[PDB]
Structures are given as structure tokens and as C-alpha cells.
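Below you will find one chain, with nothing else, as C-alpha cells; this is the form deposited in one PDB entry, and questions on how it binds or moves follow later.
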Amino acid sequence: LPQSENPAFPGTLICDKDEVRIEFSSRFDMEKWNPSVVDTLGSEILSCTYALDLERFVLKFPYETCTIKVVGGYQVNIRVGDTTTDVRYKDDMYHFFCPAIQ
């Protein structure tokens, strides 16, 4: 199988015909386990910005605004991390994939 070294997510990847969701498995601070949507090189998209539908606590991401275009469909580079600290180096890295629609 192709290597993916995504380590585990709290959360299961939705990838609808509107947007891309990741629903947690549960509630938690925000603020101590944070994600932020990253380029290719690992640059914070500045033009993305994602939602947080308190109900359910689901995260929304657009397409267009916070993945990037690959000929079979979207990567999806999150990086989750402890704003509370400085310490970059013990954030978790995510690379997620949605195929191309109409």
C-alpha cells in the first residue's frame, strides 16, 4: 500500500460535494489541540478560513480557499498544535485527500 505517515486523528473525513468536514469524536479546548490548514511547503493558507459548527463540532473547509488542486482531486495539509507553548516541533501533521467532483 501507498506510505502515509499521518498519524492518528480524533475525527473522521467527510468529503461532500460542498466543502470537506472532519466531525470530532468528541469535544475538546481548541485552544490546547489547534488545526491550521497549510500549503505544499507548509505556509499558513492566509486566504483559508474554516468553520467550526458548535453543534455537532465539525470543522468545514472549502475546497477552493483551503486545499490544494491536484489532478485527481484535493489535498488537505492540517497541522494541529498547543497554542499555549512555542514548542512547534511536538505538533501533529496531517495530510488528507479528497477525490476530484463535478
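Here, rigid core means the biggest group of C-alpha atoms that superpose within 1.5 Å across both forms. Numbering follows the first chain given and starts at 1. Compared with the form deposited in another entry:
- Put the two forms on the same core and the Cα of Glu64 is off by less than 2 Å between the two forms.
- Here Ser36 counts as shifted, since its C-alpha moves by at least 2 Å between the two forms after the core is aligned.
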Given for the second form:
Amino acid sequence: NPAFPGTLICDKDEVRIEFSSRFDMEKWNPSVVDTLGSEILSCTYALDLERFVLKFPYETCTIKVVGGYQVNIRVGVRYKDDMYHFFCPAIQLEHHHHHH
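Having displayed the form deposited in one PDB entry, please output the structure of the form deposited in another entry.
Next comes a single chain, given without company.
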């Protein structure tokens, strides 16, 4: 059975969850939520329909945890297996820049 295919990108100024196609985004319908599955009052996130990306800032859409930040993502009423959590580190290392 298909696994959630969003690719986590922890960037210097945002978090992205990137997809291979707009169809994957529409199928999984990822949304930023809190640890219980509810919307975060402060959080504005963006869906880029051309590049197939969910993106959002650290401060308003993630929670501080040891060593970094946690974001909670709902996919899909609640369904089994509908909650995901991801971690981004506080410290990002940069060696060579290749933005993509």
C-alpha cells in the first residue's frame, strides 16, 4: 500500500514537504496540525500547486523540541494512520550551495 511520499526538507527559512506530482498532494492532502490533530491558531502554510510543495515557517507552525523543531502533519473525519510527525534540527550546516 502506498506510503506517504512527501519529502521532508528542513531549510534555513522554512520547512518544505515536497511531492512528485500534484496528484500525490491531492491524494494525501497534507495539513499542518498540532500534536493532537487540530489546527494551530498562529499557523499559515502554503501549497504550491506548480512545484507540488507544502511549505511553512518554523515559528508559527512547528513546536520547539530538544535539538530542533517538530511539525505534525495530518493526511486525508479522522482515519487510522492519519497523523505524521517530522523533526528538523536547530543547526543547519552549509557547505556548497545548490538550491533546488
